[PDB]
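Just the one chain here, laid out as structure tokens, in the form deposited in one PDB entry.
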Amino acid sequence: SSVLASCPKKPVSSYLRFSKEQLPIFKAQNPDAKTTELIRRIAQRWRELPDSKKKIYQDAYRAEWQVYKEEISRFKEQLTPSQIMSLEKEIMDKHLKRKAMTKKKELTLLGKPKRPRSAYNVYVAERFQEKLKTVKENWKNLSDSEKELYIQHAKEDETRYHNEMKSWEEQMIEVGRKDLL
């Protein structure tokens, strides 16, 4: 919720502060290089950095940690119960969305076959928000054949996909993902 944004965030870890603070130097060194490589060299010198720098970063992090411990403790007290409901609903929705997103992605990574095409998807594709407006009125059909041609296309798509569906079940058994059947 917007009230969640109102709650303060935890202090950034020591390694990150070093990465953030030392970034503007590295835009001066080589700005065209890929950030991933640059992260490694800052880490490479975080590996070679002296212990005193780590000690001072850790002291600052501890102080900011105590500070944040204080503001968050004060802030979570003054809020209203309706905001409690808002935050709990939003976090539950966020976890559910994360779970769903992973499930859809695992499925799309496992090469699951597509569903059969539809009369309306074909109409939209022929048409090539704005489309939703145009296809709405265009849907009314004065041709019995328009539905019929679609059935033949539906029949053709269904047969190939079912052959893929019976095929796709085989490797999942071979790999070990028997539950997806």
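Positions refer to the first chain, counted from 1. Between two forms, the rigid core is defined as the largest C-alpha subset superposing within 1.5 Å. Compared with the form deposited in another entry:
In a rigid core superposition between the two forms, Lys155 is the single residue of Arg45, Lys155, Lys54, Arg62 whose Cα is displaced by 2 Å or more.
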Given for the second form:
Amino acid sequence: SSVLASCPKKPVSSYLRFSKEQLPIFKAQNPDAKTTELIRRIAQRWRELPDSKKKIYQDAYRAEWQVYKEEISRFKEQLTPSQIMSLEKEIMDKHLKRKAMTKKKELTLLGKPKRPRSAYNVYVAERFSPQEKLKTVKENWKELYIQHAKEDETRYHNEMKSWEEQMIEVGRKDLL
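Alternative state: the form deposited in another entry, after the form deposited in one PDB entry:
Partners and other molecules omitted; one chain follows.
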């Protein structure tokens, strides 16, 4: 939002120009091709590309880098300090949410046992604007679900006792 008007995006590199001009042509030629082997064949062609194309792509890249450098030098004066603080808080929050995301993904990538379910949750799962219906079922609450919710966790209890066994072997002693 604020970052876009404050400054544009970085220039695309030589290998990126090569991908821009050649890969869509290669993609258009092969209809069933997917991006994995498309990008790998593009890499193969670039490794086979003559050095003249590399040189001209590098010249374009450095011209764009120079014009971006001048644009940035002009831009640093055209932003009022309030926009600077807004940018700083934006990047700080972005870093925090990215770190939270990767920590959550790390935790879930080791097969963490599920948290104990709820009796109302089990009831609404069996019974089944999603927000409207969630509010409806919540206000309505106000198959042995009560015991099964704890029973599942006791069923999951044998997992978490086992879930500590690999971590000490693998070497992640902080989790326990």
